[PDB]
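Report on the following structure.
A selection of the complex's chains, in situ.
A and B label the chains in the order they appear, each numbered from 1.
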Amino acid sequence: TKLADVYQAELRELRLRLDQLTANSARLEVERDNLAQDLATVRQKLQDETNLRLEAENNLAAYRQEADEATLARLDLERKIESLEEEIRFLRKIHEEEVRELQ
Amino acid sequence: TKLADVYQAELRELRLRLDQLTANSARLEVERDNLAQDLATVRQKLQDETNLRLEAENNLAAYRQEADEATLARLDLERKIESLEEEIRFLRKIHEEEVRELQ
C-alpha cells in the first residue's frame, strides 16, 4: 500500500500539472487566433491607406507646377500694370514741359 | 508486481505527454508575443501612413487653391491693362492735338 501511495502521489502531481497546461494552452490558442484576425484587418487598412497616400503624392508635382506657372503669369501682368502707370506719369510730366516750352 | 508495472507505464506516458505539452505551450506563447508585437507595429505604420496621406491631400488642395487665386488675379489684371492702354492712347491723342494748336 505504501508503494501504491508513492506511485499515486507522483501520478496525481503530473495529472494536476497536465490539466493546468491544457487549460493554459486553450486560452493561448484563443488569444493567438484573435491577434491573427486583427493583424489581418489592420494590414488591409494599411495597404488601402498606402494606396491613397501614393496617388496623392503622385498628383503633387504636376499641381505644384500648375500653381508656379499661374503665379508667374499673375506677376508678369502686375508688372505690366506698374509699367503702364509709370509710362502715364512720365507722359504727363513730359507733356506739361513741352507745352511750357511752346509758351 | 503487476501493480507497479501498471503505474510505471502510466507514469512514463504522462511524462511523455507533459514534455510535448510544455514544448507546445512555450511555442504558443512565443507565437502570441510575436502577433502582438507585429500588431502594434502595423497599427503604428497605419497611423503614420494616414498622417502622410492627409498632409499630401492638404498640399494638393493648397496648390489647386493657389493656382485658382493666381488665375483669377491674372484675369482681373488683364482688364486693368486694357483700361490703361486705352488711357495711354487717349493721352497721346489729346497731347498731339494740344501741340498742333499751340503752333
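Keep in mind that, in the parts below, contacts are C-beta pairs under 8 Å (C-beta built on N, C-alpha and C of every residue); 3 or more make two chains touch, one makes a residue touch a chain.
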Fill in the blank from the handout: Whole-complex count of the repeated chain (2 shown) stands at 4
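Here is the rule we go by: only the chains that are shown with their structure count from here on.
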Practice task
Indicate the whole-number Å distance between the mean C-alpha point of chain A and the mean C-alpha point of chain B.
Solution key: 2
Handout entry: chain A to chain B touching residues, read off their complex
Key = 3-4, 7-8, 10-11, 14-15, 17-18, 21-22, 24-25, 28-29, 31-32, 35-36, 38-39, 42-43, 45-46, 49-50, 52-53, 56-57, 59-60, 63-64, 66-67, 70-71, 73-74, 77-78, 80-81, 84-85, 87-88, 91-92, 95, 98-99, 102-103
